[PDB]
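The chain that follows stands alone, in the form solved without the named molecule, written as structure tokens.
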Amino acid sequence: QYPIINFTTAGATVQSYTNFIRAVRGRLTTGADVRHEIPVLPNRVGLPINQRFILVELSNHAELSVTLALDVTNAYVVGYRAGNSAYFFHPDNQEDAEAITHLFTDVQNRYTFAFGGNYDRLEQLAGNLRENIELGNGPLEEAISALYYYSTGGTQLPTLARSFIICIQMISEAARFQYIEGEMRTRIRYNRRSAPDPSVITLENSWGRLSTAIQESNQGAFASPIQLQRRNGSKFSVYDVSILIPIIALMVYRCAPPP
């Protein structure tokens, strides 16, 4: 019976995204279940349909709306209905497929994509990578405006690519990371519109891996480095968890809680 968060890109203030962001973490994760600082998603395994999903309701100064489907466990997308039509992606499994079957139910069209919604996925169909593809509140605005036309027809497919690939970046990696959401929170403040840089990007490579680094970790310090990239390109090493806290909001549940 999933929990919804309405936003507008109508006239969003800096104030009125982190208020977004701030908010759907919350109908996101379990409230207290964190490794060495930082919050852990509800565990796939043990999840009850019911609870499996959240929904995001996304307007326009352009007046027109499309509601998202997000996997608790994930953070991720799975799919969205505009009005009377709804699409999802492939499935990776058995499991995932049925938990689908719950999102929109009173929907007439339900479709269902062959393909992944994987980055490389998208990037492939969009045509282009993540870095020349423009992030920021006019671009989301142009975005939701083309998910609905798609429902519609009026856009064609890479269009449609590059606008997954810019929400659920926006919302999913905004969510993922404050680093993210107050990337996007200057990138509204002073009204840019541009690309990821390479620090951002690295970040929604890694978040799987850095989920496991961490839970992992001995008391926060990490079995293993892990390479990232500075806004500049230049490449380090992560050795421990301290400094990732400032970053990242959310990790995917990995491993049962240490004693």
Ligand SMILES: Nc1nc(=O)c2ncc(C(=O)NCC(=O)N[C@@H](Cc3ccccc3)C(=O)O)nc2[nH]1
Contents of the next structure:
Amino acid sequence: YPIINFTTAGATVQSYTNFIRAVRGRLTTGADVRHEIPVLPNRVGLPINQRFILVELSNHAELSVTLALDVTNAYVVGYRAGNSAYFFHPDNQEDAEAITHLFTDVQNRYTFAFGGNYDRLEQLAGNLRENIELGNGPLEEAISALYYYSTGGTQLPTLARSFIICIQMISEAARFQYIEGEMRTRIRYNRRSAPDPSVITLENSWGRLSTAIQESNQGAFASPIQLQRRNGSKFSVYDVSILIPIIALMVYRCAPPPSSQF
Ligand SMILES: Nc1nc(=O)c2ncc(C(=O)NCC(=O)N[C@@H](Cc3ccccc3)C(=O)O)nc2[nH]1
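With the form solved without the named molecule done, generate the form solved in complex with the named molecule in the same format.
Let us now look at the entire complex, which starts with that chain.
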């Protein structure tokens, strides 16, 4: 599987931007672009050799971990640190089979009994996303925490917190230019901060936004989607147009309707 490298060591806006762009480039082809917004490959009939990408994360502490991302949804399905690999509890038998194709040379393979969704990870972390700081420092620390899990150095709440950091700074940033921008800001000033309601509501709405765009009538939503601004106030989305600078990738929901051209 293709590997994309990022390091927190001396990270800049440019090096992070290069990284996120490269992740997007490995997640998607140019085959499926709707209202200027790329769609991830359809799960249905996707060959196993095209199913995953690998994100090799290094830090200033000279430690490396490799995340495995599912190309169908940019989901972090598990990770490798040295001679151990850990996978989140699969949703189904097909996904369970799929992950057997990841880190095949690794000495120790584990599947967590828990799923990798935010709700579960927040429960285990003892903190919600809104109270978990993001930025280069948190990511540096997250890489170390993932690295030391197999040897007993990392408590489960810290591991869960560290997953939450990685997921948002990689997968969510890939999904949303807006979230990429929010991480760029944190990196630029080297100041960690928890995600505000604009970030949280985008994350929570990714599936619904993807479906609404794909089901839209020439871009127009049948039902508006409510997001939140930075201050927590409501922002109503009626149309794909407003989302073009915000959403970089969509999960596949359906084949697009025939070209609507007059
Ligand atoms: N491990 C992991 N990798 C991710 O990329 C990821 N990305 C997102 C979430 C998550 O709970 N999101 C909250 C949410 O409301 N998700 C929606 C939208 C969605 C997000 C990601 C993938 C598919 C759908 C849903 O589950 O329906 N969890 C993740 N866990």
